[PDB]
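Form solved without the named molecule, single chain, as structure tokens, below.
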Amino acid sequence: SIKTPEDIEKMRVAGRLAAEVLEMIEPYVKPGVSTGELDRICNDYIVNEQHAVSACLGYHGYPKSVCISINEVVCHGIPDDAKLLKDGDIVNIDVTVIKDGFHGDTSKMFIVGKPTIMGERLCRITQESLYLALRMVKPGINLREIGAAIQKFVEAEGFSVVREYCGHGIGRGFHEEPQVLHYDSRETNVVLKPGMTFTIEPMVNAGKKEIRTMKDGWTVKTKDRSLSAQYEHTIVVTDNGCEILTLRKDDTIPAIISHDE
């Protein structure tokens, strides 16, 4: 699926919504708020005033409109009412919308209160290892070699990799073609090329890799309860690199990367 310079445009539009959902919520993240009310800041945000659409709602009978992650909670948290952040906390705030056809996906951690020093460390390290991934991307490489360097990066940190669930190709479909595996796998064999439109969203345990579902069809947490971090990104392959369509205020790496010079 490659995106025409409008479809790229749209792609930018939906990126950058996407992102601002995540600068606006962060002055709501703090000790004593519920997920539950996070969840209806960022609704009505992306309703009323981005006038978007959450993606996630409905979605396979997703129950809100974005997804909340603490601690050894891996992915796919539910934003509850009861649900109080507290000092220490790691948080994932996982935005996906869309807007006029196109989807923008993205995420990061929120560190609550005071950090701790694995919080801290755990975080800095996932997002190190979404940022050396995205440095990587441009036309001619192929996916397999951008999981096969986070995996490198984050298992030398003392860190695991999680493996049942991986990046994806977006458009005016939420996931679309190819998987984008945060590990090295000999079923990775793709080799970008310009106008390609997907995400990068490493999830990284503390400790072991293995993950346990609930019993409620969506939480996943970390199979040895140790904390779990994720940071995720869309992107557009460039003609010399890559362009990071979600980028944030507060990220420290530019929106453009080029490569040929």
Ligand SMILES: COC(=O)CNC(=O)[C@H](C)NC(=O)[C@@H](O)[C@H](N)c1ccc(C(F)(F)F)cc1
Contents of the next structure:
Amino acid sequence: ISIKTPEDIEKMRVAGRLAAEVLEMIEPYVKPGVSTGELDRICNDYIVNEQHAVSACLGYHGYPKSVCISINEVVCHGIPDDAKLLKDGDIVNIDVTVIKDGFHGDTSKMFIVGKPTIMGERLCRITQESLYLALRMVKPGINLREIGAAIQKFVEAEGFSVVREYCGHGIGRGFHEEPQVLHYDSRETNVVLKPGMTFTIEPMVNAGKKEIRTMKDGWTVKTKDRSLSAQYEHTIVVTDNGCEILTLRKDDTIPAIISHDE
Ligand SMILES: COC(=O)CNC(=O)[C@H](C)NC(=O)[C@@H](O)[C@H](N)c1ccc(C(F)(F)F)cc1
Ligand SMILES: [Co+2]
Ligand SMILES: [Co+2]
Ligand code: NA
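Form solved without the named molecule already given; the form solved in complex with the named molecule follows:
Whole complex next, starting from this chain.
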């Protein structure tokens, strides 16, 4: 597994901040009646013309848009569409990845449009809380297995399920690098964290059953039972005594630097 230098890590601070700032920028546009196609153009224009960066998703394995915008029962990889309008009660993930100065920053959050439904709000909250509990566990010497097991235990106790596919991932000069960061317990996982590892945690949580389905368009992933699904993602670096969140936003309610030292 690659170990980032202080120079590499500073570049990941910059890229992570940019990816966060896309999400802070787009918020006032996420309203009933807006199209997801429009949101994607606003994001790409900002990334290119203001941040002077590029979207990692655009063209990636042929993907036609710059961000992924996933609504309701869509689990991930929702394709921005000029005809797809947001409406009251929708839960919406926007997942951003930018490359700046050769390094990637990858982050997503949920937006609830108009008046929340109670179940949508709870699903989003439990999903963020599962990410936060995982972030609290990251420090050198901990095994990724312990973190995946903990996300799953927490989510399942709420009556929700964890998507097994699409895991978190190492990240740096490459969009996806070792390790795989599973959001569930597996005997295969034996990665003892070391300072300078950079990776994402990005749990997808379904209100219903865990199983998923890819649509005929070749991209869009939905819950098999058409239950709601939510995701949040941060890029982090492991430090000598904990971690540092590289994609933190003003609306996050966890500190950027988490220290396990007395
Ligand atoms: C088996 O299919 C896969 O795992 C393809 N990879 C992913 O979906 C990975 C896990 N997704 C991520 O890392 C996301 O956080 C990331 N922002 C992203 C989102 C979409 C894509 C896509 F490939 F669809 F363009 C690639 C990467
Ligand atoms: Co992402
Ligand atoms: Co990712
Ligand atoms: Na969803």
